[PDB]
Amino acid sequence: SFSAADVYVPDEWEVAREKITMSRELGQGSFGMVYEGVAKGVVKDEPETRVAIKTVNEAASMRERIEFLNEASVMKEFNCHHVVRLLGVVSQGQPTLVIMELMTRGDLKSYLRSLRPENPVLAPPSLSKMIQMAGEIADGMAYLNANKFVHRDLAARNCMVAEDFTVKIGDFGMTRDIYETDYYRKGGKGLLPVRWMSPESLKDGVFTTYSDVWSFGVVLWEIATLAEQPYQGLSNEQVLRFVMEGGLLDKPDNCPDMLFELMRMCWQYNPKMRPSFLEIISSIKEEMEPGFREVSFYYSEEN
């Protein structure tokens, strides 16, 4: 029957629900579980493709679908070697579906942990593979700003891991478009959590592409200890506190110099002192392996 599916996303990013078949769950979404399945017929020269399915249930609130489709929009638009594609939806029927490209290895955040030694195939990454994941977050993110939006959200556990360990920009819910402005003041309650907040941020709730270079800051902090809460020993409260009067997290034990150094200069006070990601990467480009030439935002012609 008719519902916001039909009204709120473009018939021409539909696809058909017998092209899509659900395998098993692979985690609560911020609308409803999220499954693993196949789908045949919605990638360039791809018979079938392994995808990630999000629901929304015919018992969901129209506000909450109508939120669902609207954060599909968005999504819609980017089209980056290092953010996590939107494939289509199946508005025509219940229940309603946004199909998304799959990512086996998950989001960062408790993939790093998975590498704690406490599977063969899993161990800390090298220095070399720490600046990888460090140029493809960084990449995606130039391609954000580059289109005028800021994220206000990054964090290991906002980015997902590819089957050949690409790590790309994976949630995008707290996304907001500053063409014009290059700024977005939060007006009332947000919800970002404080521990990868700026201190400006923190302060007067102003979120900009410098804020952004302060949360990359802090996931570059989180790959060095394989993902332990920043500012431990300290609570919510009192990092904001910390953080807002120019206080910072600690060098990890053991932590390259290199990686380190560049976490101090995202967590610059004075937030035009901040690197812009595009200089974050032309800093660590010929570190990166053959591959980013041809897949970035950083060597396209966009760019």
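Residue numbers count along the first chain shown, from 1. In this text, rigid core is short for the largest set of C-alphas that superpose within 1.5 Å between two forms. First, how it differs from the form deposited in another entry.
- Of the residues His81, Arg105, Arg176, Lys129, just one CA atom moves 2 angstroms or more between these two forms under rigid-core superposition; it belongs to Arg176.
- Relative to the superposed core, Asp11 shifts its CA atom by 2 Å or more between these two forms.
- The two forms, fitted on the rigid core, differ between these two forms by less than 2 Å at the CA of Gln268.
- Core-superposed comparison between these two forms: the C-alpha position of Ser91 differs by no less than 2 Å.
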Second form
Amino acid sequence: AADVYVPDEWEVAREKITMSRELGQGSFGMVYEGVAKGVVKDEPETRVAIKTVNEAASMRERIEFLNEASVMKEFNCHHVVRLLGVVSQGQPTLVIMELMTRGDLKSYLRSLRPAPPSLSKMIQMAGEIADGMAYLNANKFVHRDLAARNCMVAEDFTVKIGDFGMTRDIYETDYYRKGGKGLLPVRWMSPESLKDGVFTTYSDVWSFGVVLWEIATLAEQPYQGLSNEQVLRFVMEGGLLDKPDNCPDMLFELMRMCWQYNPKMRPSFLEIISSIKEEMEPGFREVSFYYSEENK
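Given the form deposited in one PDB entry above, I would also like to look at the protein as it appears in the form deposited in another entry.
All you get below is the one chain by itself.
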């Protein structure tokens, strides 16, 4: 008997992947743009993103890397970035993913600053993100680091849920580190996450509210002008982000619902999609988790 990563149908021969450029570093190591052969059915070649570890010599980072990639093997949603494969045998350890050609949502939103995104465009982004999150929550996954920087933009401008590795510790389920060296995205965090480190579908809804505010401000810094320590206290004392200039009333109203102090008073992602579904593009019905037979 053994409890090591076991190569499966997701394993890809090393010789079938080439890297061509740097895309940037989120969790773990550099992400590269490249090409993988035989990863998509009836495509000989596929443009892909290829993720590495940060520290070559760390077996623990290696195992954690692969455990986190294995989580994605379960996901099949138009609004979540897809896993395409894994190179686990020998070094370097590689994770092969759907290439999101327009980069991260935060960088995208910043690029639109000098007309600004129309309400309809904003709603469309919101519903796509909420749909991805509804799928994940329905599959018992709590993202914990939802933020524009961890949503990704497709060639066709579809927003999809991305990097969830930044705040996952290797030992967390069995062991606690006293005090805590853990990374905490405080400006995106619910009062109960700030208080006790509790992360649920409800705290993901809180972060979603902050992503809406990022969309409406074109990725201004939430609580700009407060330190990290000041944000933590401010939000735990019931502080809220202000309504952005020229924010459509309906969007701010959504933020307000997501930012109920008590987690049980917050909408679910399904309830958010429900409230905005009529303002989504017609194609949303055909690609969404919300309208799929999985949504039961």
